Amino acid sequence: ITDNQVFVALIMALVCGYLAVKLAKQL
Amino acid sequence: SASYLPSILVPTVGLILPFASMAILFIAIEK
Amino acid sequence: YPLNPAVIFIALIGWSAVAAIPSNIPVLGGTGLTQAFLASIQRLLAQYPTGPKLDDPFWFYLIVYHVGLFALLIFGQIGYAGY
Amino acid sequence: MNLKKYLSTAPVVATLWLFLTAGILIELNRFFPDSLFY
Amino acid sequence: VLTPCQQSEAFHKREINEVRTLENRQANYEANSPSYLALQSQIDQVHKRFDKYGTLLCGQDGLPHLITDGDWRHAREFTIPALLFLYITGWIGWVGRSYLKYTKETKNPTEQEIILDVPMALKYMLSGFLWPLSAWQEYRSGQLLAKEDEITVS
Amino acid sequence: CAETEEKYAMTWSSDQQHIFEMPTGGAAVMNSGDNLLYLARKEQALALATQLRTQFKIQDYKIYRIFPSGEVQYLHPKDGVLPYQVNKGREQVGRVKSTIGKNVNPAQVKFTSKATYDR
Amino acid sequence: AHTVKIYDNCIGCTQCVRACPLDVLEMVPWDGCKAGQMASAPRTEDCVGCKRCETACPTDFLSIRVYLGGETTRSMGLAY
Amino acid sequence: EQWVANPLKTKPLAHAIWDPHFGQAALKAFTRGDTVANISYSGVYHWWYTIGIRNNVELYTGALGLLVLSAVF
Amino acid sequence: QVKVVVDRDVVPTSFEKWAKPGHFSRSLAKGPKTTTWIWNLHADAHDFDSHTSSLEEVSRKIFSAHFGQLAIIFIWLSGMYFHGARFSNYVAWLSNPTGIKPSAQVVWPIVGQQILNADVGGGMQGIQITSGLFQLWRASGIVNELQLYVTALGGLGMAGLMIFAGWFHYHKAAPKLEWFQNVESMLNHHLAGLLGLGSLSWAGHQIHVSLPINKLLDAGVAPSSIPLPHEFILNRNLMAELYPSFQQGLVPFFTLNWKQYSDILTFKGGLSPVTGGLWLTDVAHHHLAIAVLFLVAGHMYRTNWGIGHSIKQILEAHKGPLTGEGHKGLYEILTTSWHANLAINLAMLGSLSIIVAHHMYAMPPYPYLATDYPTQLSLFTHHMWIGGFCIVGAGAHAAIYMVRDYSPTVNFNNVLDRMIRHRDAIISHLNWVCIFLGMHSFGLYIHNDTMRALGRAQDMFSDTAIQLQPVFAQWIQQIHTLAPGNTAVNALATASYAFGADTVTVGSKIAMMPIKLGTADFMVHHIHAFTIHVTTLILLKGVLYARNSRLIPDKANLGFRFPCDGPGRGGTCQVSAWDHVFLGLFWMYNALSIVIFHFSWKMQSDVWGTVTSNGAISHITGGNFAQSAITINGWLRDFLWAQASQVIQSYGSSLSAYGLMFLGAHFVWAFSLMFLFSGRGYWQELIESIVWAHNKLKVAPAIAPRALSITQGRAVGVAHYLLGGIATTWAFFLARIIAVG
Amino acid sequence: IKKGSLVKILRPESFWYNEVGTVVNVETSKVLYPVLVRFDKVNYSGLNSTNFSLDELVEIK
Ligand code: CLA
Ligand code: CLA
Ligand code: CLA
Ligand code: CLA
Ligand code: CLA
Ligand SMILES: CC1=C(C/C=C(\C)CCC[C@H](C)CCC[C@H](C)CCCC(C)C)C(=O)c2ccccc2C1=O
Ligand code: SF4
Ligand code: SF4
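Residue numbers (the authors' numbering), protein chains in the order written: chain M, 2 to 28; chain I, 2 to 32; chain O, 40 to 122; chain J, 1 to 38; chain F, 30 to 183; chain D, 21 to 139; chain C, 2 to 81; chain B, 75 to 147; chain A, 8 to 748; chain E, 2 to 62.
Treat the hints loosely; a few may be bogus.
Straight-line C-alpha distance at most 20 Å; calculated DMTMM-like pairs for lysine to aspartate or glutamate [said to hold, decoys possible]:
1. A:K24 x A:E64
2. A:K40 x F:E44
3. C:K6 x D:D54
4. F:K133 x E:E14
5. A:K27 x A:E63
Not the full set, but computed from the structure, chain A residues with beta-carbon under 8 Å of chain B [as the list claims (entries may be wrong)]:
6. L461
7. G462
8. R463
It is worth saying that the hints were derived from the structure and are not from the lab. All residues carry an ideal CB built from backbone N, CA and C; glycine is no exception.
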């Protein structure tokens, strides 16, 4: 309903993407 | 409602991510 | 394998002149078989985008000329089987 | 002599018998048609 | 709700529909036509067909349903052809078992199942009629079953 | 190809110019005295050995396994002996003590790098 | 490579070697049978694993068992 | 929340569309308001409507509340 | 040289070997220790080239079996003439053909199935004919029922001559191989005696039976004032009124004044607008042309008199340089092996049957054939499917010749095995053509499918969109419009009305309409080119890789019906030359399913239908092809969904048997899949787990119950895929068009 | 043990496990599987005659 929360969302799932590649390059 | 964001993310994940990810996985066959 | 590629043009007189002087009137060509084509290419040759599917004396005398011309040049290569 | 031995094989007996039971059902369904009771 | 079938209204509507709809084909032929006589016999085969469903239970569809509880008010629906049918395939099963335990001990048992010994076949074909108290008397003898036949690993 | 893969060179001798059939397909001329034949894989070559041997006497034949470093090997014959004929030089490998009936269950081989028949 | 193992049902009737189109199996003189023969599989690097041996193995149950192992160039049997 | 206003009438919308392949006549067959979105035939607005979500704001705080949880896992 | 050398009293005719099932094969007379002996009893029952290698005994067996086939065909045709006699409304149909629907088979009155007796007029009901026999009989000139009873009686008499014939040619007079390899005489009597005298004597029938009778029926005379066909030959005065050229006798024939026979024989073409069929003057003249032309054609084979050819001196003279040896060897190939001859004769027989199908929709040769559309439909369709299957038999029996009867000694450097030297370059370019045509024949349908689905109908391949007007078919079709004045000089009308002038309306029903081919018909032709090239890929892969592939270099040693080699080479399931025939049958079902779906929907939109007054036009689907064949939603909606409405609503009515042959043929179709997907390594110990339940009760069968073999267990999957899949389209077609036509 | 004796088998991988069969051959020449036994019914290879040792060899009376 706003725009800034969408930026905050892709920030948090971009960080979560860094945990995805972080977990991915150890197993 | 940032209506412009699918016009960025749908191409950059729809086509160019299965280009460079083909590169990363397919060179990653030989790494 | 192509041992004798000597001449091609002997088929041309070998195919035009065997169809020019026979008129055989009531068909598409009231004149001969080749005159009805060589007369019907100079109207279209000087950059004409015409010649539709109803253009009988051009399109029909394309295939009915080349299907004997191809066969008579192929038999011209058979004219180097006795060598 | 051996003709009856041909008539004793598997498909010939199976057709002379399933032809017979099929005849039991077809002749027993002209005579008693629409038999949903009993 | 299972109405008795002789007074279900939509059932009688199926009577009117099939008699009249079949009679629409009867409006083509003359009084002595063999086709017309065949539709006379066919209309007979519709009214008899529907009057002989007088004790079924056609529900809201007008279509005669059944009952498989063995209520003994509906035993002629299912349980009487159940006992009849199990008699017929207890016949067939007993004939097949008795014939195989004949030809298991012959000269060439492989040949005996291609070419049936119609002597001994039509012996057992008929002789398996009293199979409840023949299987019950072979079962008490320790002969109906078997023991220590083939099996896989474990 | 011949730059990176093993070409199998069947060499043999005959007596008459007969006609055999290639494993590539189609008939071959069959030089009478002595002739080689570069092939692709071994089943083609020993299929030609069965192609010739079940017809007539073609013996003193064997493929030299051309591998692309250059040297050869000796397949088929191995020991001037036909393989189902018994020579007392072939040392056996590939046997166990009993049938399958004493093979261990794979829940005993589980999490170990053994095989279900090794005992 | 396809590990071919030849068990002690091998009565040495040589339909394995005559059935194998690859000469991975030979016959070995082994004084444990009536015929004195028992097959061996030394050159299993050439073994395709087509199991044409286990077709023509007239033992009780399959003296010669072909376990499908690794897949090299030759064991895959590709032409090129 | 427009669906919350009339849950019988309005169809539950899914995510929007970005096709560059919808030329012109397709887009008239998907406009529901300003959005061209799919119709969410997965029962999700019903369950989120019985949970008590009556806004989009609680959906954003919940979506961040599960990005955090996926970062935890 | 040529002589007749026949062994007499060869095989005793006792019933003794009937008591030994599997007497014929020494690999099979062991007796059944398993149930696979049962099925191999039947698959080896006609491996005549695998009983014994002696070609004499084989050749006696086959040549006597042919008379068994012709015995069944004469029983069948005598069945058709008797069902036309006793059971049919043919005499009533002959009164008004456009009103009375044709029916023979009158279903016995048991429970319900008397509703299958369709009231087809004629004062008698019964299930409707779609085979079109009555249109063959009106063309034949059969007037009343007596000629149908008599011709059925002669059908049984010829059936007795074929049973006694084959009995006489296997047992008590059977020929040597020197009789069989007399092939100059075999062609010399089939080109002349069979086909030549057949067409000549049939021209005799058409001129002295059908021309007067189908002139009297063209005038509209009821079949009571028509005299016997018989009664036209006793005096010419009953034919000189009909054709005055009979008054001159044969004198203008022997004086070569053949202008005088213009009444009997002519070259018109087109269609007779009264009867809706060909002019039988044209058809009788036609069979005289086959008569003289085939009787001339027979005499090119030297037999005894040193006049004519042999096949050997023809084939050896075509020693062209790109083949090297030339055809040196084929006369020894085609006179020693029967599977090779079966490959050629099945290929040409099937392709002749397709040619039959096309020449029966577009030049309907029987009177009132294109006015009852189901007989117009299914006679197209049926001669397609035997037109299809007989091609795959080519791909079977050209494979079998490569496996069984191939011999590299006789076959060394000729035209045959020089193909096999580059069979990778054969199959690789079939592979390229299949993918090119698949993209450009089906990707156009996915394209127009998406463009219609994405709304952008301007970007389709429609009429209005990017047009793909078939240039060559429209052009040569226009040449056929310009046939009868220009090049066919003595013609009057065109070769067909599928090419040229205005349509033919016979009893407010459209006989033939000039078919327009635009930009959808193009793409369906590239379907047909595609699915013909795929079956050619599988059936040339099944012949060139029949014997020694580079995967498995001994298939000649393994056989023809071997399943596989094993899991080695990563698995070689379904690799034999039989298995490519197994796949060619599925692609046969594909290729012909879309040949007939192209037929039965373009000719319900662009040809068939009815007309009203002032020459107005009304198709069955109403022009709904070119806007709808370009997609697949238009295909599946507008054809396989919309045309189902007269099949699916058929219960309670007389078409309902088709509504039973629609559902159950789905069943068998899906019942095929159980045999296709699974394998016998499952079913064998599923079965053996049931054999536990029989061993417990001593109901152990003595013949041990194996599962089916692999090649059987897939062959049955094909043979249900085709019966189920074909019978779906069968009941869908005949249930569709009977409800209209 | 002896020739012709009707023998049930106790090796779980035979096709004829727990089925009696007739002894054809008994060899006394140190063979690990000396007793060639054939049967009534037939396994998948078309081969009733196989051979066995003495431990898997139970006679009856
Ligand atoms: C000799 C006759 C006979 C007998 C007594 C049995 C008995 C049995 N079978 Mg069966 N069976 C038979 C023949 C027979 N079968 C045949 C010929 C086949 C091949 C089609 C099968 C296939 C079969 C399967 C696939 C299964 C059984 C099962 C069973 C058991 C459950 C009952 C059942 O559903 O039957 C099943 C009945 C059928 C599948 C069809 C009936 C079989 C034929 C057509 C009827 C018998 C007629 C026979 C040919 C007569 C021969 C003798 C005569 C010529 C003198 C039961 C012990 C099931 C089981 O294990 O349960 C414990 C099971 O799953 N059977
Ligand atoms: C001109 C004489 C003549 C005629 C008419 C035929 C006709 C036929 N031959 Mg034939 N044949 C002939 C000479 C002839 N042959 C000669 C000389 C040879 C030796 C080289 C052969 C060798 C031969 C073989 C090897 C085979 C045939 C087959 C066939 C049949 C093909 C099936 C068909 O078209 O169905 C249409 C059917 C008909 C038109 C029915 C025609 C039947 C009538 C009665 C005419 C038959 C005439 C007969 C030869 C007279 C016998 C003479 C004897 C009494 C002394 C067809 C009947 C094939 C076949 O199916 O076997 C029968 C087959 O396999 N023929
Ligand atoms: C609907 C199912 C289906 C489909 C699509 C195919 C398709 C094909 N089969 Mg086939 N086949 C099928 C069922 C099917 N088969 C079945 C059931 C059998 C059982 C008998 C067989 C047996 C069979 C045999 C025996 C052979 C084939 C072969 C072929 C190929 C022919 C060449 C061609 O058309 O290329 C064109 C491709 C198509 C028409 C497929 C659609 C592709 C579209 C048009 C374009 C691509 C879409 C898209 C742009 C992809 C990119 C996007 C994506 C990456 C996200 C083709 C791929 C032959 C082969 O392997 O080599 C020629 C062959 O020899 N098939
Ligand atoms: C295979 C069949 C086929 C064909 C012919 C087309 C053709 C087309 N599609 Mg398409 N499409 C197809 C299948 C096909 N489609 C399928 C299967 C799908 C769904 C998966 C789609 C989905 C699709 C979409 C979504 C769209 C199209 C569009 C288009 C158009 C433009 C595409 C373009 O730029 O071409 C690309 C062409 C090339 C890159 C050139 C390669 C081909 C050249 C000509 C080969 C030449 C080789 C040469 C002859 C070799 C010999 C010479 C040498 C010896 C020197 C064009 C008409 C677009 C449109 O708007 O339509 C108007 C569009 O938006 N298509
Ligand atoms: C003049 C004699 C004559 C007549 C009256 C007919 C009449 C007919 N034929 Mg025909 N036909 C003939 C000779 C004749 N044919 C010859 C000689 C052949 C063999 C080449 C054929 C081969 C043939 C086929 C394959 C078919 C017909 C069909 C038909 C019917 C369709 C109506 C039509 O417009 O056809 C007009 C007929 C023609 C235009 C055919 C002309 C054939 C010429 C005479 C061939 C001359 C050969 C000669 C050696 C020169 C060769 C070179 C040449 C090609 C330039 C009609 C009854 C069709 C049918 O069955 O109807 C359902 C059909 O499918 N015919
Ligand atoms: C179901 C199935 C079977 C089992 C099929 C069984 C064995 C055959 C069932 C049909 C036979 C004919 C039934 C036998 C019935 C006899 C005819 C006797 C019955 C009495 C009368 C019918 C005469 C396979 O063997 C198989 C093999 C390979 C791939 C797939 C499959 C597969 O899908
Ligand atoms: S194992 Fe079977 S095949 Fe191999 S040798 Fe002994 S018997 Fe012959
Ligand atoms: S594995 Fe395949 S190749 Fe090796 S032996 Fe057994 S069968 Fe012959």
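Quick check: which numbered hints come out false for this structure? 2, 3, 4 and 5
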